[PDB]
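> Below, each chain spelled out in residue letters.
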Amino acid sequence: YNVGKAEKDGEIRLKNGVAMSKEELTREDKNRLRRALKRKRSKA
Amino acid sequence: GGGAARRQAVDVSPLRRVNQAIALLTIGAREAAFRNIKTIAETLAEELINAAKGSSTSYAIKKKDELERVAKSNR
Amino acid sequence: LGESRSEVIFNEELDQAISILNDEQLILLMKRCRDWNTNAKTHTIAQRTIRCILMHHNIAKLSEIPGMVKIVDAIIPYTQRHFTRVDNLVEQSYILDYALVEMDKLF
Amino acid sequence: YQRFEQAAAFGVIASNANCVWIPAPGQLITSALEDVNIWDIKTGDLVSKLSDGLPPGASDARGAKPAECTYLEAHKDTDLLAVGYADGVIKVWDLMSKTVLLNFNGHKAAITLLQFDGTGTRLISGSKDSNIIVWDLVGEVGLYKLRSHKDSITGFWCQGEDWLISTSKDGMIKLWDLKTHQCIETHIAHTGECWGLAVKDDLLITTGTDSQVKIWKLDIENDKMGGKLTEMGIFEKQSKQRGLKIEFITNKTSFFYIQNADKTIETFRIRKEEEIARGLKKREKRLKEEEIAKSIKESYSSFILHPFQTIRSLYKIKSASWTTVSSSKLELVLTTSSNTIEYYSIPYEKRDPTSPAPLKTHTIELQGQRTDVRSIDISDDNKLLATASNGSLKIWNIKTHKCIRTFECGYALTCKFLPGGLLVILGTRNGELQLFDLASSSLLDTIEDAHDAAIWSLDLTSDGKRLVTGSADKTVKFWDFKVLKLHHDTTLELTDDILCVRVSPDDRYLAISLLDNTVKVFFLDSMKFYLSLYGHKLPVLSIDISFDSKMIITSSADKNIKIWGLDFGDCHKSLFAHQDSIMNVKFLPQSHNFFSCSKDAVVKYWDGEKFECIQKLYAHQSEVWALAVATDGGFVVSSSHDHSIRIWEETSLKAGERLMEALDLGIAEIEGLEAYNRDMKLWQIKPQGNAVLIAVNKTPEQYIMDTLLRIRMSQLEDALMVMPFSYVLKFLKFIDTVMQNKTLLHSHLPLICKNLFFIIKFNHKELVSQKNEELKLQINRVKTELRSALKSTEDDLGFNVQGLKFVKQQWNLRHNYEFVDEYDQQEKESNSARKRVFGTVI
RNA sequence: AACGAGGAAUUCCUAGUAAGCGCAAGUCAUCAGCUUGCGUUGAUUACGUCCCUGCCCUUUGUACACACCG
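Residue numbers (the entry's author numbering), protein chains in the order written: chain CK, 496 to 539; chain DF, 151 to 225; chain UM, 702 to 707, 717 to 817; chain UL, 5 to 28, 38 to 264, 268 to 305, 311 to 504, 520 to 687, 745 to 777, 786 to 943.
Treat the hints as calculated values from the structure; they're not laboratory data. By construction, the Cβ of each residue, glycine as well, lies at the ideal position given by its N, Cα and C atoms. Among the hints, a few may not be true.
[Unchecked claim] Here are the in silico distance ranges between beta carbons for each label pair:
1. CK:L509 x UL:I786: 48 to 54 Å
2. UL:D772 x UM:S707: 28 to 34 Å
3. CK:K525 x UL:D532: 43 to 49 Å
4. UL:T808 x CK:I507: 40 to 46 Å
[Unchecked claim] Straight line, CA to CA, 27 Å or less: simulated BS3-like cross-link-like pairs of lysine-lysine:
5. UL:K339 x UL:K121
6. UL:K111 x UL:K78
7. CK:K503 x UM:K815
8. UM:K780 x CK:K525
Let the hints inform the model, and build the full structure from the sequences given.
Quick look at the structure:
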């Protein structure tokens, strides 16, 4: 078992076991998370 | 330091001591027999004997005490 | 937890709330506990909620709730790894004791 | 080479913004665009008007849209006028000194609500982003900021310093407490947005989108979801449109109004406790005539509310406010979409509105142009001729900027100025051709039915004897000026319709710009089809031909000037600019320098002999519709869709070291405080808290803990090696203080253990050869505490391992229908066990 | 009559290297004001560092244990 990418749609699972939702996030951190996923999908 | 420059005092490695002592001794001998009636072998002999005497008339001896007192002055 | 470092596991109010937790809630709690234990740092919080559930539920009922075999196979070996690391930490606490005993050997 | 700058501006009575009223009615302040307007009601003359510090039109002024005065707020007791500009800039002015005193910068979006306790000089602002900023004026910075809504700010009420209530278009009402500096309450107001927030000390009203207001009860009661705010009143149908703004006053019965979307202001009244008891018991009589009591609970809204009346104004309305007196007359200041101030009256005796229509008094419409301006003209270095779509023709004298006379025709399209007699001639797309005077009577002549489609262009020879007209019924009609009436010289047809026309200024050639994307050119005395200009790729919109009639310039709506030569009919040079689409271009009367105006709020000034834009002009923000160049001096006149007119005249420490010095300070403070405690033991001074500790708000323990966590996991070993022995001793004392403060331990036990063991194992020999009883006791205590903590965590780990192994074993026992055939058991458990695949190299 | 080892700036180099000494040739491009071969003699001082000067690379474990961080 490694931690899988998130099953349901409104929640974000990272690989170090800190789960987040799109409901408990402040919008700047939402923006940061989108940028991090951007650089990840930019390599991949 | 970025402009406020100075001289600071540190210790010195044994190899640096040996190389420094030897270079100083020979350079003192050569500068003694630079423009003189004596030759390098003679004045190096006198300079070495006074150096082992440690008696304050040898080129390397003067330079050595000058070095350590520079360190003392801007400790 | 930062509060209750000061068989009580928490504030007793919170303990009773966990004991009145429901089934779908329990599966969710075990799942997020599984994540938190997968990380190698938050396993303290993972262990506290596991042990609180274990001390305040019926084990037969827990097992008979579906899916728990999946989440327990996910949980167990990470906890064993944490255990052997804690073992190494104690064994180095003994170098600390050795330094003590040699200092007073000297005195 | 002559630069140009704007001198002045015209006609902007009240922009899309608020309006404020100083009592002497009293005098009035409204918003122009980067100007504030202040004048009187009795008369209708500009007392004063305020703009920014530096003049627009230079290279010093930024080549940008100017941020319009979106909001403005007056305090007579401080005599201050806080103004707010749409990119989000807050300035303040006066009326007597009329100077800008201090300028804030806190917003990225258009400024919406500006309320200040100038009593305490605490200015509270909200722009079109979501965050509400509390500024302190005399500190000239924001005091702090509250950011919790999500769309924008549209409802706002601050009370004392204690309470703040917000309503936002993300349709929710929230309530912050400012001392706790954060949010307490949240409720959902309406379906979509919620706009209007009005407060009386117990009774509060909000309007949303569905012509619907809700009445709310406010307390300071203890509850978190309840207690503070409840949801009593529901009222429907002020008017079908959504509700936009509320304002609340009294003398004593109380009154409020809500400005709707359209031309309507709905004003209501709330009565008093006597009539409340009357209505309660009378409805109870109707009841006896608790089901119907919860029906009373429904009707509570209209039970307290009472509609005073409606105001139905002219075409649109944009801002509104109160002027009350005497409990007999209630007058109202209003300002509309187009440039009109309208001051209204409601008479009453607490009982009746006394008239079905309130008196629409004190209208100011003189200097405003009251519609979308369509064209412009000049009159021989003395007059300026603006023609607007009610047929509002206005002559202006350039020295004094005021007005002379006024006509009406309705929706016109084209105008010209005739210097013979100073006549002005007009044409309307309802295809008619009219013409009027200045010093004689109003109407000179009305050629009714010019054509049976839209006429589009109209120009004049230097003779004044022949006018030229272009009408989109495929016709171009030339007229002669009979001695002062008119006759039709000629009518020439085409197969496509005329979009525009012009003649030569030196009276040689004749150009006709056509919808098949072309420019035909005939002669003036022959109509011989001398030239054909092709290649604009869109319908060409405007025409000019220079002073000697040698250079043609043509404007088409695909955003490029095209420059042509009357020698043979070739395009000299094309020139792409003006990002929206060009509206009109004109030369200068003297040489080949020209001005272009376009649908993106720019006016660019160009040389043709060099083919460049020498100047770019950023006066206003709306589409530029009309452009006029002066006859002799050459000043520039521009009319823009925001009903605005403009005139222009010419002129580093390393890891280890950081840890050591931070540990140094922390151990200094801790040892000082322990000296303090033992000195208190002798008493049976507190050493001063360091700036770093009390400012970062840290215990020394978490402070050293912070610098350890900051040092990354690859420089740690070099750091712990390079620290020397005295700092090692201070490290041990730090650990013992953590063992006193147990709760900082259990979140950093691994880091503590690894660092401690490496330090001792390296620096072992000196530390064990030392002798110090405090060191012995420190080692003893940290040993005991570390054993307790580590064995605690080990207890938890092994406990839960054993428990879950038992649980899984119990599941396997209960549900594992076993195969006694051991080979089958091997095969089943192996082919149903977990598989996992990796790619090996062979 | 200039001239006693050649200032300010500036360029390069860490072992059969700097430097010194000569003997030979003259190879389809270059070189005779020289160019290239070969042998002789053979050193002082660094062999660490990113602190300055600049330069690059990486900021996503992705690769399969244990470990490390997260």
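> Evaluate each hint against the coordinates.
Going through the hints against the structure:
One distance hint, 48 to 54 Å for the beta-carbon pair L509 of chain CK and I786 of chain UL, holds here, with the actual separation near 51 Å. For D772 of chain UL and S707 of chain UM, the Cβ-Cβ distance of about 29 Å falls inside the hinted range of 28 to 34 Å, so the restraint holds. For the pair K525 of chain CK and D532 of chain UL, the supplied restraint of 43 to 49 Å is violated, since their beta-carbon distance comes to about 56 Å. Distance hint for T808 of chain UL and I507 of chain CK: a CB-CB separation of about 31 Å, inconsistent with the stated range 40 to 46 Å.
Among the hinted pairs, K339 of chain UL with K121 of chain UL is consistent with the structure: their alpha-carbon atoms are about 24 Å apart, no more than 27 Å. At most 27 Å may separate the alpha-carbon atoms for a hinted pair to count; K111 of chain UL and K78 of chain UL meet this at roughly 24 Å. As the CA atoms of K503 of chain CK and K815 of chain UM are separated by approximately 63 Å, the hinted pair breaks the 27 Å bound. As the CA atoms of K780 of chain UM and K525 of chain CK are separated by approximately 32 Å, the hinted pair breaks the 27 Å bound.
Hint compliance for this structure: hints 3, 4, 7 and 8 are not met, and every other hint is.
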